[PDB]
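**Student:** Taking the hints into account, I'd like the entire structure generated from these sequences.
Chain residues, written in single-letter form:
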Amino acid sequence: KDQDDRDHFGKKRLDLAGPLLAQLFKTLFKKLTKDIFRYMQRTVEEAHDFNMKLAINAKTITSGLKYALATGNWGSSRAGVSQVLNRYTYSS
Amino acid sequence: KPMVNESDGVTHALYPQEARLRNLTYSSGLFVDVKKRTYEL
Amino acid sequence: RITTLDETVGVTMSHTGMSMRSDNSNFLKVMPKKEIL
Amino acid sequence: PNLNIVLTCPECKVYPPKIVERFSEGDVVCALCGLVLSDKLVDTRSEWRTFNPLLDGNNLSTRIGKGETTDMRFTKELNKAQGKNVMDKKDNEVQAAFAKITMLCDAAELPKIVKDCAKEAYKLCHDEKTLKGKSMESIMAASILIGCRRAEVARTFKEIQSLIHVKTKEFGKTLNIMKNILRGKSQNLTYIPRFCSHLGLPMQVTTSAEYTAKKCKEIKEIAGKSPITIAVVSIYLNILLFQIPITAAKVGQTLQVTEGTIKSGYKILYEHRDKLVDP
Ligand SMILES: [Zn+2]
Ligand SMILES: [Zn+2]
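Protein chains in written order, with our numbering: chain A, 1351 to 1442; chain B, -8 to 32; chain C, 746 to 782; chain D, 844 to 1122.
Keep in mind the hints are simulated off the structure, nothing from the lab. Every residue, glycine too, gets a C-beta built ideally from N, C-alpha and C. The reader is advised that the hints may include incorrect statements.
[To be verified] With a straight-line Cα cutoff of 30 Å, these simulated DSSO-like cross-link-like pairs (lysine-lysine) come out:
no.	chain 1	residue 1	chain 2	residue 2
1	C	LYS774	D	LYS1093
2	A	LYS1362	B	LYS27
3	A	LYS1376	B	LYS27
[Unchecked claim] Facing chain A, according to a computed beta carbon distance under 7 Å, are these residues of chain C, among others:
no.	residue
4	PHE772
5	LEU773
6	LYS774
7	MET776
**Tutor:** And the structure:
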């Protein structure tokens, strides 16, 4: 048998917004859970009252999605993913 | 659905035209049913 | 599929941040010297 | 000692420099005899292209993080060295205080202007003698409320109280002496659209409660008994004028107001119903 070809297009997989936002939302969700648990351990360890507004933050998901879809990086791993739409003509 | 929360505190529906004119971000809010339990074990 | 809440937003957005409603759920709330001698 | 360069025209010498600055040619010229005053003009926009004194001051610092090709042992030794020199300056409280205040403001969904005003207020107070404690919670809550009052925003005491348990009384004293600090370093209408947003009411009911709020502020009688009850009874009347039904229990449990208070204000308000009609 010949050496396995890597240029075969069938062995290649493309990634649209689905997989990218799956990785991104996955990591951001993990960080969210870790931070919430950190607030839980701080609450039970320092012996105080609990609050739902200080445990679950929204700027981690908002800053993660807004920052990743705002800049070219998808977090340098990946760059040049997001580009400004070219409105020179319709075929462009 | 897509929405916008302004500076004074009012949140209304967003359209892509007004999103482009006001330099906003066309996004939608996300909620989660968070369940809590306490075991004593 | 994911269910889209159809309300007037302002109610849910009011329940997000400060809504003047706290508590409502219990979770992570936690001499005479001779006689003494 | 002097060090002030003043450009004058030796040929004109008839008036202080009333000159013109030619940026395209890079010169500055007297607008009278047309004689140039200086060549090779520097720019401020061009040096700014590559790149906070209001809060950080003139202090400089640089981070040490891991490198492309480095060892994890050296990264820890450099960070532990900075951990021993962190006591040389008492500015660790400003970064941690601004971090927790950042978390609370980000939790309250307030704009960045109120965040910067609150950080500026906490920087004005910081560690003075008249503060004398308050366990860092009351100066943060009171600083957020001050930054809210400065940015023309409206947040009730029960809202920040719902965020932070400051025991109200000590919060009021710390807010009072803090206001004295601000005075030593030298409006209910905004609440209506917020509660109308909490109830999801149309714009006509919002501006109707605006005119009702102003008129009720002009009629006197009761005067206020805190503006919150005036707001909730004003919205209660403006919503009993139309047909959208909420009753008194739902609006009393949503806005956290007593039913007997909105009915007590609805009585005299119904008595003054005459002069409150806009159209
Ligand atoms: Zn001298
Ligand atoms: Zn001249």
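**Student:** Which numbered hints does this structure break?
**Tutor:** Result: hints 2, 7 break, sorted rising.
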